[PDB]
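To start, the structure under review is shown below, and the notes come after it.
A single protein chain has been omitted from the complex, and every remaining protein chain is retained in its original position.
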């Protein structure tokens, strides 16, 4: 659903 | 290079 | 084939799900499986088939152009030798693109086109045949380039003849066919004047038929008319 910031490409 | 408009999804 | 054991209706449902998931390779595989059931395709099903493979081949064309540009740069005067890798990988992508085009052409030939008698199905499939020969033409360089080009022209021309006799000038399939055949003329057949003439005549004859349409058909037609206009603006 709401996705939080994680490292590197936000490819999802 | 410069791509002209063709029908349907411009998926390229 | 891998989808032979799945119901036709389940393949269509999963193709729709894959579209929502932006899983176009899956979408294409499901629709290939649906086609291989041997039954004709509805209007919705034809568009799912086209959308699936357009998205797959679209990513391949975009990758191929990136790699082709790198390859061309590496062959310029003063460019440092980098080995066979760029050419090898461009060839790999190219071969995968050609395989997708051959797969689609194979479905059209076995046996979608021969069973399609209504204008809306026959024009749709012949347009697609012209499109996938055009994508082959974009990467062709050898002794069959001319025959690939003529195969695209031939398919487009048969579709145009049927569309002009059987469909109104605002019909979105007819409009999209003329759009794509005009791009064929411009950048594959090196006939920019034919491309401009086709796009102008197509746009003007649609404009004069818009008064016959409902609000929703009007929207569908003017959307493709704007694509014709966009190209004319770049070309003139």
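As written, the chains take the letters A, B and C, and residue 1 is the first residue of each chain.
Criterion: a contact is a pair of C-beta atoms (placed from the backbone, for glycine too) under 8 Å apart; a residue touches a chain by one contact, two chains touch by 3 or more.
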Displayed chains contacting the withheld chain: A, C
Selected from C:13, C:75, C:79 or C:226 as touching the chain missing from the view: C:13
Touching residues (missing chain, whole complex) on chain C: 10, 13-14, 17-18, 20-23, 26, 59, 62-63, 66-67, 70, 82-83, 85-86, 88-89, 92-93
Residue ranges of chain A at the interface with the undisplayed chain: 1-2, 4-12
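FYI, only the chains that are shown with their structure count from here on.
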Chain A and chain C, separation of their C-alpha mean positions in angstrom: 34
Chain A and chain B: spacing of chain centres that average the CA atoms, whole Å: 29
